[PDB]
Every structure is written in structure tokens, then in C-alpha cells.
Amino acid sequence: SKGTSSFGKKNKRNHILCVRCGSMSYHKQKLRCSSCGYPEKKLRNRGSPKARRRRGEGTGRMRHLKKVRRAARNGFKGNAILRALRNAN
Amino acid sequence: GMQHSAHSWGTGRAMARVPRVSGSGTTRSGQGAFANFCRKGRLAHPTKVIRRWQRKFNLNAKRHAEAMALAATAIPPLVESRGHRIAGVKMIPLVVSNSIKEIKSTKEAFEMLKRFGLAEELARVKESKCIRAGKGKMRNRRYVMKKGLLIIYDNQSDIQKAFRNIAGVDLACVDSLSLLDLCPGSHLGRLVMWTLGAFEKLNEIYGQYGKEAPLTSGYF
Amino acid sequence: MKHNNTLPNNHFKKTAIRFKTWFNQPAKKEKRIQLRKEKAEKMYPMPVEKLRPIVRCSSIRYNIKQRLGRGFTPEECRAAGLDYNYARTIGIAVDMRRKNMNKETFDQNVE
Amino acid sequence: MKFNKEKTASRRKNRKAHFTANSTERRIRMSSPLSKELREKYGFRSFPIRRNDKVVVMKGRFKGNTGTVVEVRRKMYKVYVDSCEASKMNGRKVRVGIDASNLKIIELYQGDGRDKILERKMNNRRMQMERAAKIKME
Amino acid sequence: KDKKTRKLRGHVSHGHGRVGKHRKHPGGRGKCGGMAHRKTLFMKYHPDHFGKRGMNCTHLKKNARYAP
RNA sequence: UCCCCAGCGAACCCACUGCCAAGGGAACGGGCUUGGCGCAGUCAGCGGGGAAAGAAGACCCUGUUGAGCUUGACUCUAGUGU
RNA sequence: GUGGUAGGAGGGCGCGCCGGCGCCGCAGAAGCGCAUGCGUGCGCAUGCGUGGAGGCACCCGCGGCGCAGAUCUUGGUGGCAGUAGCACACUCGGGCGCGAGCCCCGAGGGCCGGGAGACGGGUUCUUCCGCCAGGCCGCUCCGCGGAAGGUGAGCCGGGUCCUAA
RNA sequence: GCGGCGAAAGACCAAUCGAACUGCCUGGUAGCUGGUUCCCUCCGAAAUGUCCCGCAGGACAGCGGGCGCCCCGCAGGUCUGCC
RNA sequence: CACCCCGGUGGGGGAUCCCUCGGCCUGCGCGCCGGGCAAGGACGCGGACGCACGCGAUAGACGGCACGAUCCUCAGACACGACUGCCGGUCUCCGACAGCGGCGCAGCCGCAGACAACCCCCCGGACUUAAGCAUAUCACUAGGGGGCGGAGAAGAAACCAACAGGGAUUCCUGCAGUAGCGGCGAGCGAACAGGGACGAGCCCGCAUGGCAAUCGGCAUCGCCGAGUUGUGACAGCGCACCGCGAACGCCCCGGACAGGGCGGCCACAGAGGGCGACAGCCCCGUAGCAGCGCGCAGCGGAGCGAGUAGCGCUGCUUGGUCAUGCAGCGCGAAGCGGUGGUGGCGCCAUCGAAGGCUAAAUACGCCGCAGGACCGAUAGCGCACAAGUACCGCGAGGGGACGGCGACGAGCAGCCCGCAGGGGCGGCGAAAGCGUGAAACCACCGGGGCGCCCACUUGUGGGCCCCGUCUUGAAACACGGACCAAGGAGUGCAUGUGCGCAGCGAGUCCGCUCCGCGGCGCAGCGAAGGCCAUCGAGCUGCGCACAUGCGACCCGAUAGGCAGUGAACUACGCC
Ligand SMILES: [Mg+2]
Ligand SMILES: [Mg+2]
Ligand SMILES: [Mg+2]
Ligand SMILES: [Mg+2]
Ligand SMILES: [Mg+2]
Ligand SMILES: [Mg+2]
Ligand SMILES: [Mg+2]
Ligand SMILES: [Mg+2]
Ligand SMILES: [Mg+2]
Ligand SMILES: [Mg+2]
Ligand SMILES: [Mg+2]
Ligand SMILES: [Mg+2]
Ligand SMILES: [Mg+2]
Ligand SMILES: [Mg+2]
Ligand SMILES: [Mg+2]
Ligand SMILES: [Mg+2]
Ligand SMILES: [Mg+2]
Ligand SMILES: [Mg+2]
Ligand SMILES: [Mg+2]
Ligand SMILES: [Mg+2]
Ligand SMILES: [Mg+2]
Ligand SMILES: [Mg+2]
Ligand SMILES: [Mg+2]
Ligand SMILES: [Mg+2]
Ligand SMILES: [Mg+2]
Ligand SMILES: [Mg+2]
Ligand SMILES: [Mg+2]
Ligand SMILES: [Mg+2]
Ligand SMILES: [Mg+2]
Ligand SMILES: [Mg+2]
Ligand SMILES: [Mg+2]
Ligand SMILES: [Mg+2]
Ligand SMILES: [Mg+2]
Ligand SMILES: [Mg+2]
Ligand SMILES: [Mg+2]
Ligand SMILES: [Mg+2]
Ligand SMILES: [Mg+2]
Ligand SMILES: [Mg+2]
Ligand SMILES: [Mg+2]
Ligand SMILES: [Mg+2]
Ligand SMILES: [Mg+2]
Ligand SMILES: [Mg+2]
Ligand SMILES: [Mg+2]
Ligand SMILES: [Mg+2]
Ligand SMILES: [Mg+2]
Ligand SMILES: [Mg+2]
Ligand SMILES: [Mg+2]
Ligand SMILES: [Mg+2]
Ligand SMILES: [Mg+2]
Ligand SMILES: [Mg+2]
Ligand SMILES: [Mg+2]
Ligand SMILES: [Mg+2]
Ligand SMILES: [Mg+2]
Ligand SMILES: [Mg+2]
Ligand SMILES: [Mg+2]
Ligand SMILES: [Mg+2]
Ligand SMILES: [Mg+2]
Ligand SMILES: [Mg+2]
Ligand SMILES: [Mg+2]
Ligand SMILES: [Mg+2]
Ligand SMILES: [Mg+2]
Ligand SMILES: [Mg+2]
Ligand SMILES: [Mg+2]
Ligand SMILES: [Mg+2]
Ligand SMILES: [Mg+2]
Ligand SMILES: [Mg+2]
Ligand SMILES: [Mg+2]
Ligand SMILES: [Mg+2]
Ligand SMILES: [Zn+2]
Numbered sequence: 002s003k004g005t006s007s008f009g010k011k012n013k014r015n016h017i018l019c020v021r022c023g024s025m026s027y028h029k030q031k032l033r034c035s036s037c038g039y040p041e042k043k044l045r046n047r048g049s050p051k052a053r054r055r056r057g058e059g060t061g062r063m064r065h066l067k068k069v070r071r072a073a074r075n076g077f078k079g080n081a082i083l084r085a086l087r088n089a090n
Numbered sequence: 056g057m058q059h060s061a062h063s064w065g066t067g068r069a070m071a072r073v074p075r076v077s078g079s080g081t082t083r084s085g086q087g088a089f090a091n092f093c094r095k096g097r098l099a100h101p102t103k104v105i106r107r108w109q110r111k112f113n114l115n116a117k118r119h120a121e122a123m124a125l126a127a128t129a130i131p132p133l134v135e136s137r138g139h140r141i142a143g144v145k146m147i148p149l150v151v152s153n154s155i156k157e158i159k160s161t162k163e164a165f166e167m168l169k170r171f172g173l174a175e176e177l178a179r180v181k182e183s184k185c186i187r188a189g190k191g192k193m194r195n196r197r198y199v200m201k202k203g204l205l206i207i208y209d210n211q212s213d214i215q216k217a218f219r220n221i222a223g224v225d226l227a228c229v230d231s232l233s234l235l236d237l238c239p240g241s242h243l244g245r246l247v248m249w250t251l252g253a254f255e256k257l258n259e260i261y262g263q264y265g266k267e268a269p270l271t272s273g274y275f
Numbered sequence: 001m002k003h004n005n006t007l008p009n010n011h012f013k014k015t016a017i018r019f020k021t022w023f024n025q026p027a028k029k030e031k032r033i034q035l036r037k038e039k040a041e042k043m044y045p046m047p048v049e050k051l052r053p054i055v056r057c058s059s060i061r062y063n064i065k066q067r068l069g070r071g072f073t074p075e076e077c078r079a080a081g082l083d084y085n086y087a088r089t090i091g092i093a094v095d096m097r098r099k100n101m102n103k104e105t106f107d108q109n110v111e
Numbered sequence: 001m002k003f004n005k006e007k008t009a010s011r012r013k014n015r016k017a018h019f020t021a022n023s024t025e026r027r028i029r030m031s032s033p034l035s036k037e038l039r040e041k042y043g044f045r046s047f048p049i050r051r052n053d054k055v056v057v058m059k060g061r062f063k064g065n066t067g068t069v070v071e072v073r074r075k076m077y078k079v080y081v082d083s084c085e086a087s088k089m090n091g092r093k094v095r096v097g098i099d100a101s102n103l104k105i106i107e108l109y110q111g112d113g114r115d116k117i118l119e120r121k122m123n124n125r126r127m128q129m130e131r132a133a134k135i136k137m138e
Numbered sequence: 004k005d006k007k008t009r010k011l012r013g014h015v016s017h018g019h020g021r022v023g024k025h026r027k028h029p030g031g032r033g034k035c036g037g038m039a040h041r042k043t044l045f046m047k048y049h050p051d052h053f054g055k056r057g058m059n060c061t062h063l064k065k066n067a068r069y070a071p
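For the record, the sequence lines run as chains LJJ, LC0, LL0, LY0 and LAA.
The opening residue of the first sequence carries number 2 in PDB author numbering; numbering runs sequentially from there.
The opening residue of the second sequence carries number 56 in PDB author numbering; numbering runs sequentially from there.
The opening residue of the third sequence carries number 1 in PDB author numbering; numbering runs sequentially from there.
The opening residue of the fourth sequence carries number 1 in PDB author numbering; numbering runs sequentially from there.
The opening residue of the fifth sequence carries number 4 in PDB author numbering; numbering runs sequentially from there.
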């Protein structure tokens, strides 16, 4: 009753895909992601010290940041076509 | 070892009271954590960087030991007792002139030490190069070789370039003698070749008997 | 505690106590020497130090001795023949809040 | 001694630099000494080995053989010389991989712009020897 | 010489007794109990620890009172 | 169902274990002492014993360890009111 | 003169690494196995076998430095035990096949749900090929393994509609 | 969640409820239980006194060991004598 | 026959040892996010492509420049540039809007979101210590909220002082575990100096009146706007920045020479790594070698700070004491005011609040670099491996395991048997055949039957209960222990004390720093006013023992708190 019989009724799925963080944590009734806190503007304060190691900055692709490290290393010379045009004048 | 949410499961579960790793579904789950006897546990009394790495020694007592380690180099029974092959060497203390600075190339410097009877000493050190016998060879200490000739010089006879590459030759300025050169391995009697500039400065750094040192303030 | 000893005054009860180790101390010294050399090379003829006055130390423990002050008063710079704003352009430090107290400290700094 | 603090004497970093060298560096690490007849002409000690280089083997089983380089493989660092071979079971002859340090170049290939690259190292060696001659002159 | 632990390897109850023990803090922490159960320690070795003596000087100045 | 077989094939538990009688012993022994016996080490039943296994006794006491709860406990406090 | 718990002390043995110093090693290092010897003892040395690249001794120095126990931790392995247990309404013939109680076909005898949607699953669907792995036995079978194929909307459902709490 | 909710059982609130679950403070504290790793050599106890919200604990004293220093006569004894 | 013990061979398992493209620690460097669409996510992208990693419809090298011949599993590509390196392009979609705000504003902009180590502001615990506990402590911490930057914050005295006076801030040393606070209990606890690092100073407001001399915008030398409720000022920057780098042969052993032997050679290079064993001379490297320029102009200067200061009350805070700071409320200033370790008043002394900016010394993770008396695959990060992966949880979250042939040249399928897996004769190789291969345990074989000790003529006799542990007392019908391997517990720091050792000694202490008249000692007593010896070896280091604070020998509570997540089970209510 309390255990094995009651697990047959667990066919609802409350936490669905979050559109911000992509974890299966967006609640349907609550309309809030339990992981990242969407749709609050700021990110939810992560519930563990390891949660930054899993989900924080640097754990993803860092598509813009890897470009701006490379430009900062070279001195922010920017677009190579426009670099020669500013140098001629 | 402390990166878990581990708790003791308590008594009553026929298992020891050590903290168990929380969660399920992995092999790490329910295993012991946090303890020094646990696998992947924190070692009890972890090592800290606030350990006192350096040791203080009184400066006057360190200066006496530098003086006594210097006197050990002047005793030919001590120098051959610590492994230096000093049969060919003229005197001990062997003092070379301040025209040592006119040697420009180390081929002429190796020839100069050869005609001082140090050829067997340098060859003993060069062939003694072997791989260290422990895990120190992993930690950037792969090769050990013996300690050979120490050359003490001063700033007016600077022979650093022409001599530093000869295997078995260490160079030390006379203004700063460490005991790591004078008794390497806590074994007195390092084979030391002096320049004339460094030798004549010894009565200035340490003074004479009963007198203060001129170059070292307040040393007797 | 057990025996005869001085009563313990060890203040490590706070778990928030930090430790400042000094492993950078030989390295900071070589950085400090390098910056001083680069300052001297940036101001090649000009001395790296300001000219600072000789002041007497404050309390009764220390008024037997003099030390090197912060800057000269503008009335000291005027008696020496200088405008204090001109005096800063040459390597003289100027202190606007020190009071010209007596003739002995005044005439020593003017000289 | 190495007095440059910015370069490693570390074994771990030197070993990682050898096995994760990129292809430009792996070409340089696969250099081979020249003969004395090549060193009187070119002057430099060694040069990176290439296909169609004549080579005498200096160490190993094939020591003393001469042959052309037929294959260089930068990953696993192996030069395959013509007439340094071993058969498989099915009679197929396989070239045996020799390290470039065990090969000495007898005749340098000069076809695909390599004569430019040899002369660039030769001239920079000649120019740098002129500067060191003037500095020791002064 | 080496530490005492290097000799106590092999003996149960490292140096602290089987019937007694090395427990965590019997008696309390610090110098507590100076009027209750360590009163014999304070009557013997620090009989002037407790109480007040004399006129307080809020911020005694060392350099002003310097007179060696 | 068991039992017997082909194939498949665990767990509990495990200081070490020939069996009794009395004695002594931490005052109820498988081992000690003194006696009585049994030992080819197999199959099936069985529940006398192993003070059988479960579970760091839930009873009780102790702890200057708690928590739930109460009020004429102590010290405070939201609320109401002035 | 000689016992010894708690306990204190001394001197050594052993381990990782350090500064030295004597050396050894592809003519075989460490490690390991079995022997022999030394040693009151911690332990040490050798022989043979294995091993295939490092190591030893001593003096120094640093220490995460010695285990039978902690319902210790982790890993491995036993006994228990070929035991408990696991299909026991099917039967006969035929087929493919190396191989058949279970796969296929025919017959006989029985039994009970079956077929559509949702949620949930997500390719399990279907075809071809397979299997010496998985299926509480076996399999030629399969919700398994491999390769493919398949989901077509103005009218079905949702959105491009409406509001409920 | 010192919150819900309860035709009231302290029931139920994800196999958890007389205050859920997660992470942290936190290696909470424990006068309590368990364990605490080489050898030989030298010596070797106490389970008593006083006090303590003290009675499963401490501190002091006693006893053990180690380290010393100093040349002062020393004794768990008998004898004699007096209380 | 079984059983047990010992050995041999074979299993079994993965200890040991050796290795290590990993970790850890320290130092240094960098310190650069975002509507130009960030962090993160989703989905796609390879000829054969799952994972990983890369990437964005220009989707598995697009361009420029440099490099210069391979990449590779197949197929192929390639001097019309392979493989690479550096930089730049392209860069889907979700994710920063009910947006908010500035500027006369045809319009142009900004804020949001990330980062959470360092730093600033606000909010703010409890465990804990006090042997209970309530104030105290933990702690003005953890934690939560907000906000920056490469540092931040602070900062040019309404300061310190009491002198013969010093002179921003920050940091170090030091004052000092001191004055002081404190159930005056536990405990807590600064400041001026002195020495040092570093140094740097400035500004708005009350600016002309013979004319706003000032600024913003534009479609621009002219409009429009701001503005008289008042606008107004230039001294600092930039570029360049290499390619080369010495020196070895023979013999022996071996699968192979980097080994051994002999003989040389180079070295401003004998750091390190690779190479078939241990290489200065085989290779990569290593030592070594290279700079500069361009700028700085003018016109006000006594301006001054109010619902403040202060006082009263309250709450918090602090070492701050008849109040240190902060806030709220009531009261509410002055031309003189503030302050003087903090009762009032008076003196004297010293400063000028209620406006603003300010380098440097200081702090610090990611990351990069370099090191190390660190760890060496149960260790070291959780991860040396398709690791925050597999996997689990509704969710917040939780979170592993797993390293090794060789010269990367060979290592095969010839024959017989089997449906096959395979077996046997073979095959390759120095050997191993994804290093070594311990123990538990197992198969077979061989030998032997006490579990141990003693004795000897080896099977007899004699002696032995089960270890650990707590206990008055354990073989106990006390508890823990199936076995084996590996791991596994008095440590670190601070401050003391004692002892030993060491240097110097009325002195002593290098290590903050570029240079301690700083500490302690040479003499104490008292609450103090005051008194002052008839007098005394210390200082510093090293080592041990011990005490205390810290996680404190290791492991262990029930609890308490802070911040979060769940009504898919279940409870009720509504549609
Ligand atoms: Mg339901
Ligand atoms: Mg729901
Ligand atoms: Mg670990
Ligand atoms: Mg070793
Ligand atoms: Mg014990
Ligand atoms: Mg003890
Ligand atoms: Mg007791
Ligand atoms: Mg009392
Ligand atoms: Mg059967
Ligand atoms: Mg009986
Ligand atoms: Mg009997
Ligand atoms: Mg039976
Ligand atoms: Mg029974
Ligand atoms: Mg109990
Ligand atoms: Mg009590
Ligand atoms: Mg004895
Ligand atoms: Mg003992
Ligand atoms: Mg060893
Ligand atoms: Mg040994
Ligand atoms: Mg340990
Ligand atoms: Mg063990
Ligand atoms: Mg034990
Ligand atoms: Mg089993
Ligand atoms: Mg059966
Ligand atoms: Mg049936
Ligand atoms: Mg259906
Ligand atoms: Mg199907
Ligand atoms: Mg099958
Ligand atoms: Mg009831
Ligand atoms: Mg429930
Ligand atoms: Mg602990
Ligand atoms: Mg005795
Ligand atoms: Mg008693
Ligand atoms: Mg007890
Ligand atoms: Mg005592
Ligand atoms: Mg056996
Ligand atoms: Mg393993
Ligand atoms: Mg770092
Ligand atoms: Mg983008
Ligand atoms: Mg391209
Ligand atoms: Mg923000
Ligand atoms: Mg704590
Ligand atoms: Mg308490
Ligand atoms: Mg307590
Ligand atoms: Mg309590
Ligand atoms: Mg920034
Ligand atoms: Mg600032
Ligand atoms: Mg405090
Ligand atoms: Mg103005
Ligand atoms: Mg070279
Ligand atoms: Mg006010
Ligand atoms: Mg005044
Ligand atoms: Mg005062
Ligand atoms: Mg101001
Ligand atoms: Mg291992
Ligand atoms: Mg690991
Ligand atoms: Mg569950
Ligand atoms: Mg193997
Ligand atoms: Mg006892
Ligand atoms: Mg009892
Ligand atoms: Mg016992
Ligand atoms: Mg009994
Ligand atoms: Mg048991
Ligand atoms: Mg062990
Ligand atoms: Mg301690
Ligand atoms: Mg705990
Ligand atoms: Mg409480
Ligand atoms: Mg809460
Ligand atoms: Zn989300």
C-alpha cells in the first residue's frame, strides 16, 4: 500500500525541461525551475558547493569568453580586415 | 577527502558508525568517507603549509660554524677522509693567483685544474653521475653526482663563466659562504681551491684572534 | 589543565582565524628591489628620495632623538627663499599641517 | 646549467611536450645528423628528416644500411627507410620504423623547395657566426 | 631524539591507560572550573587569579610613563 | 509441495569447533579437571542445545546528551491593550 | 642483580624521502616464491627460481614512518553449497537445423480475456540476418545482437481561439 | 516544514513524520563505548586523602619514572629511660 | 575414501615493486564578460561518426600570415601547400523587458544577466566554549541579499599628543596577549609611538558684467538646445623586439647501447627530455648573443558645507570602561566650533566635521608560467582512463569505478579434429604476448597426519582453553573477530613551563626592513600617592616532555541552526 503498490501511481512528471538551464527541473505547477530558478532574472543561488563545479561558468562552451581571452592576449586588435584599413589611415 | 555530504548511518544497521557517502545508484554510495581509515578519506592531521619550514639559528653561532667548516678544508686528513682524491694536489690549502681571471675558455680552465693535480678528482665526480635510487628521480632530482672541488673567489677574481661547467667544480663568492658548500652533507673537509683575492679576505671577514673582524661587525 | 604553568592565553577559539604565511617574502624582496631600480631609471638624474626635514620625536620617551620628518612647512620654505609649490617641483617634501614650533627646528630645516 | 627561469628543466613538462608536440614541432624533433660531406657544404649540425632523403642507419639492427627515406610518421616519431624491412607472415614486406636520431643523412633531398629551407638555415648560421665573430673581435 | 609516539607503537592505550583513557575533554576546556573543580589548581598555583586589584587606568600610555 | 534427476543456482551465518556426567570456574562449559564414551566423517527427518541468528535493550538506571509536550518553573517574546 | 599490568626511560630494528659518502645492475635491479644461514628479538644476509630496470649500505636531515582487532575502510576470496531455490495442461506427428520438451507446421486436449485511447516508455514496431552472450532450463526463438525500413492530415489531437479555478 | 493538512490516529505531507527532504555550519560536542601499529633493555604503580551540580569525571596531595644537585650521617628495628 | 598440513605445477585474485602526459603545494604572471546578445543551455554539423572533443547553416581548418611534406582505418587529399601554429571571420535557437532610465529627443544612449577567490555595503545564526546555563562565547563568523574592480576599500586630520611635540591612507614590524572589557567567569582585547615598506597630492561651492567668457546635439561654422533657480578650463603617450647555437670513434655483452673497456673532443653549453638499457659530444634543447621615439597651451581664486553637529532617549555594536562606533526618534546649534581613553564644569592645548577625488606599498581564485626534502593509481584533486562521466534522486542534489606487451618491425592461421567456441602439432619474437603477479582460496600431483611449546631414537610423553577488550575477576553462557591483501589512529601551529644542548653574556636577539636604540635582562615594592635595594645571569636558538587553544589520537551521537527542494505517494479545498 504505502510502498510497492503506491509506485504504480507515479505516472505524472512534475519537473520538465527548463528552457534556460536545460535540466529536467522546471516545475509545471510552480512554473519555476528548481535548479536555476527560471523565470527569475538572476540565477538561483546554487544549493551546494559542488553545484558551481557542475553548472557554473567554465563548465560549458565559453564561446564568447574564449574569443575575448584570445583577443586580450593579442592586444584587442580586432577584425583583421579592418585592422589594416585603420593602419593605412 | 572532505568533499562529501557524508553522515554516520548510526547504529542498528549492522554496519560501522563511520560516515557513509550519501545517495544511491553508484558504487561510491554508502561507502565510508571522511575518516583516515577510509578509502578516499581525509587523512587525519592533514599536512599544512603553516608548518614551520625554516629553523632559526643564532647568527654568531652560524658564523662560528662557518669558521670551523672553513678550517676543516685546511686539514688534508679531513679532505681525503670525505672522499676527495687529493694525492696530486700540491698543498691544501691550495691558493691560486688572482691571474685566474685571465682564463677565458673552460678548456684552459680544465687544463689549469689538470696541472693542479685535480684531474683524478674531477674524473671521479664526472663518472659518479648516476640516477637517484628513489622516487626522487620522478621529482626533478633524477641525477646524483658526487661533490668535487669548491672554488672560492672574490669580486676582483671573477671566474664564473670559465669554470661553472666543469663537472666537479662549484664556485662560491667569499662574501657569502654557505655551509651547503663548506660541509655538503654535514661532512667536514670540502676540497677547496682559493683564489688569492678570497684567501686574503679571510682575515677581514672573520678577523684575527682576539680582534674584531673588520668586514663583519661584532664578530670574534 | 594540570600543572603549574602560566595561564593559557591562546586565542585560537575562533574558527575564522586566518594565517598569513610569508612564502612570498624572498620573492617580494626581489620584486621590491626591481621596482626601486626601475624608479631610479625612470628619474635618472633626480634622486629617488625627497628631501625631508629633521623633526624631534614626540613623547618623553623619544624626544631625546630626532628622526626624518614628512615635509617642510611653507614658512620654512619661504625663509629658505622658495615658494612651497616650487619646492615640490624640485625634490623637497612639503607638509602643510606641521606647525612651526620653535627656532631650533625651524632654523635647522631652513638650513 | 640552464639560467633561463622561463624554460623548464621539469621532466614531466618536457615529457608532455614530447608526446603532445604538434606537427610543426614534431618535424623539428625528428631531425637527423648530416654526414661530414654534407656538413662541409651546409655547415649545420643536423636537419629535420624528410622523404626521399638518402640515409645511413647508425644504430639498431639495420646499422650500416643505406637507403632512401620512404615514409616519415610524426605521430609515433618513426622514419621508414627503404631497404630496412621485415616480412609479415603472408610474405608482405613491411618497412621497419627507425627513430630519426639513429639515422644519418648522406644526401639531402632538394626538390620541393627544400633547397630554399637548407639555404635559409645555412645563411642564418653564416650570418650569426659573423655577429659572434665581430662581438669576440670587440 | 625522536618523539614519544615512535616508542608507543605496539602498546594498546598509547600512553594514557586502559582504565583511565585519553578522552576528549574531561574536566572541561581551558582553565574553567577555577572556583569549582580546579579550585585546588588555583588555590595552589594562581591564588591571585580571581578578583580585582586597584585603580583602573583606561589606556595607560607606555611612552609617557617611560622612566627606566 | 517435499523426495529423486537434467540444467540453472543464491543468502543468512562463520574466533575455532567429536559427544556426555559431575566438579571447579565470572556462582548454568564444546574446549578446563576427573571420569563416561564416540569417531569412513553419508542420506532424510528433526527442533533438546549451541545461554542459536536477527538489532550497539525499546524496560531500568546513568549522562550536568536530547526532543515532543505542559504549566503556578526561570528569563524573554509576537499579539492585544494603555 | 634479574617477575611484571597501567606507566616512565634507554638503546636499537624497520619504512618514504633528503643532504652526503662508499658502491652495485641487461654477464640481470627492485619485487616475488622456496630454501639455507645469522639473530635473545625487532630483523638481516645469501642460494636457487622468477622478474626485466633500477637499487643497496652507512652517516645525516625531514616524516602522512611499523597493525590482528576499531559491528574498521576498500578490494578480493572461502565455507555454507551443487544446498535453499528456479517451468512442472499439455500430448502426438512433421519441418528447418550441428543441436529441439519449449522454434515453426498439422492434429488432439484444454485454458482465458482480447481489442482500442491517455499518462508513462521511446524504436521496444516491422523485415532480413544472427546467436555458442542475455532470457531463473534450453532455443534454430525473442521485447536480445546486427543491418535496414517505417510515423505523410484544411477535416484526428494541440498551437495559430476562448475562458475556468 | 515550528509549516501544511487532518470526520483527529500525532494520522498524512514521495517506502521518511511527536517537526519531511537537500546542502551547509560540521571533522557539532561527548565526563560515554570502541580502537590505538616494532623489538629488546632498565625501573615500576594506584584503586587512597581533600574539594568539586561531585559520585562512569576532575584538580590537588600520595604512590611510579626520568633528570639532577649536595656531603648534612641514615633506620616501618632492638635496648635503656621518662611521659 | 574423505579431511587436514607442507611442497611442486596450474588456476584464482591484483598485493608488491618499478613506472607516470596526473595531482598537490608554493612562487610569479595575468586579471580581459555582457543587446556588438554574455554565463549557461537546447538542437544541429564529419564521406563512411556512436562517445568524447571540436564546431555553428561559412557548422570536424573559412580567410590572412607563418610553416613546408605528410595526414591515414578505408577511401582519398596534397607544393594551385599536406600536417600544423598564430590571429581574424562566420558564429542557429533558448537564456538578460508588463521593462526601467538619461539627453530636446528627426534621434542617440545606458541599466538588467554572468562572475562570488579577493574587496565594499546591508541582513545575520546556531552547533560550540563556559564542564549545566540565560549575559558572554562561537562571532560583528557561517550563511543570505546587494555591488564593484584588476584590485577594492581607505585617504590628505574637526588626527595624535601633553613633547624640545609629531603630521593623509594602506601594509609590515612593534606596542601586546598589553591598557582594558568580561556571570571581572569562560574568555575577549585595541591605540599612539619607535622602526620599515611605499610615498602625492588635490578639487567643487560665492568666477565676468564693457554683455555665459561654458556645454550638448545636428542634416555643422549655421541652427537648435542646456544654462543666469548660474555654465566655464590638456599633459601625457607610442613603436620596435632575432634566429642560429659546440663537440665521438673503435671493441665487448646484448633483441637493441645510452652499459663495460680503450682512446679522444666540446664547454659563456656537464639544466632537462627523447632516442630499442644509464648519452655533455645522436636529437630536441641548454650557455650565449638585438632597441627606441613623440608631446605639454589659458583668463576666477577667503571659496566652507543645517533638520546637520550636539544633547536626550532607545536598540545594536566595540577592548572602549558614568559610552567606542552606528542607527532611529525627540530636541536642535554656532560664529566660532570639535576634541583632548571619553561624568559635569573650567582651563590650557590641538584641530576645522556635517561636500568630492586620489596612484603606490596591500588582498586574491580561475587561468598561464616556473618550481618543490609533496603523493605515486585504495595515494595524490571527486577525475592519471569516453569525470562531474556512467549512474541515482520528483526535486534541491548525490556521485564512482577503471593506468602499463613490444624495437608501433613481427606477433600467423599452415595441417589434423570440432557446427562452433576452440583443441593439438606448429608459427612470430630476446622475452612478454593489455609489465611484475604476493596472499586468501582452488585443481591435480607428491610427501606427511599434534594446533602450538619441550624432550628425544617422529610418535610418544609432559605442558598448553580464544584472542582482543572493559573489568575486583574472562576459556567464559561478557562484547568484537569468516578469510586475505592494501589502507588505517598523539599530528600541525600558537603561547608557555621544565630539562638537555648551543652561541654570546650585563647584555642578548640576522631573517619587519634597504638599516629593531623593538623585546627581554642588568632590582625590586605598593591600589596609589609614594618608596627604591643590604641583592640576583640573562638573552636567543635548537630538541624533547607536558599544559592550553585550535578538527587536536582516530571513528561515533540524539540534537541545534542557516539556506534551500518537494502535494508524481498522501491529506484537504477549488475548477
Ligand atoms: Mg495520482
Ligand atoms: Mg502537480
Ligand atoms: Mg584521498
Ligand atoms: Mg623504493
Ligand atoms: Mg582503550
Ligand atoms: Mg603518559
Ligand atoms: Mg574510572
Ligand atoms: Mg558548586
Ligand atoms: Mg537437481
Ligand atoms: Mg556437562
Ligand atoms: Mg576431558
Ligand atoms: Mg542432516
Ligand atoms: Mg535448538
Ligand atoms: Mg546498549
Ligand atoms: Mg554529574
Ligand atoms: Mg624485567
Ligand atoms: Mg607496558
Ligand atoms: Mg630502501
Ligand atoms: Mg636495510
Ligand atoms: Mg599514518
Ligand atoms: Mg589486517
Ligand atoms: Mg591490538
Ligand atoms: Mg560467498
Ligand atoms: Mg534443489
Ligand atoms: Mg501452468
Ligand atoms: Mg494497444
Ligand atoms: Mg518484433
Ligand atoms: Mg544463445
Ligand atoms: Mg496519543
Ligand atoms: Mg510516508
Ligand atoms: Mg575527531
Ligand atoms: Mg623489578
Ligand atoms: Mg576508590
Ligand atoms: Mg566503564
Ligand atoms: Mg597528580
Ligand atoms: Mg598446497
Ligand atoms: Mg585497482
Ligand atoms: Mg596555483
Ligand atoms: Mg552568440
Ligand atoms: Mg583554411
Ligand atoms: Mg547584476
Ligand atoms: Mg566547531
Ligand atoms: Mg556548555
Ligand atoms: Mg561539556
Ligand atoms: Mg547542554
Ligand atoms: Mg571586470
Ligand atoms: Mg578607490
Ligand atoms: Mg569578540
Ligand atoms: Mg562654477
Ligand atoms: Mg646544437
Ligand atoms: Mg539625528
Ligand atoms: Mg578650541
Ligand atoms: Mg587623557
Ligand atoms: Mg573634506
Ligand atoms: Mg598498485
Ligand atoms: Mg583516486
Ligand atoms: Mg526513493
Ligand atoms: Mg600478467
Ligand atoms: Mg584494573
Ligand atoms: Mg562485572
Ligand atoms: Mg580475555
Ligand atoms: Mg558462565
Ligand atoms: Mg560475530
Ligand atoms: Mg598495512
Ligand atoms: Mg596537544
Ligand atoms: Mg560527527
Ligand atoms: Mg539549543
Ligand atoms: Mg528552514
Ligand atoms: Zn532551469
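Be careful, since some hints might not be right.
[Unchecked claim] Cβ-Cβ distance ranges computed for the label pairs, FRET-style:
#1 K266 (chain LC0) to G18 (chain LAA): 52 to 62 Å
#2 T60 (chain LJJ) to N195 (chain LC0): 58 to 68 Å
#3 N80 (chain LJJ) to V96 (chain LY0): 31 to 41 Å
#4 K10 (chain LAA) to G80 (chain LC0): 41 to 51 Å
#5 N80 (chain LJJ) to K134 (chain LY0): 54 to 64 Å
Hint data in this document are derived by calculation from the structure and do not stem from the laboratory.
Every residue, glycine too, gets a C-beta built ideally from N, C-alpha and C.
Hints, one by one, checked against the model:
Between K266 (chain LC0) and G18 (chain LAA) the C-beta distance comes to about 54 Å, which sits within the given range of 52 to 62 Å. Between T60 (chain LJJ) and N195 (chain LC0), the C-beta spacing of about 33 Å breaks the proposed range 58 to 68 Å. The hinted range of 31 to 41 Å is not satisfied by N80 (chain LJJ) and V96 (chain LY0), whose Cβ atoms lie roughly 51 Å apart. At roughly 48 Å, the beta-carbon separation of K10 (chain LAA) and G80 (chain LC0) lies within the given 41 to 51 Å, and the hint holds.
Checked against the hint of 54 to 64 Å, the C-beta distance between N80 (chain LJJ) and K134 (chain LY0) comes to roughly 44 Å, which is inconsistent with it.
Consistency with the previously given hints fails for numbers 2, 3, 5, ordered from lowest to highest.
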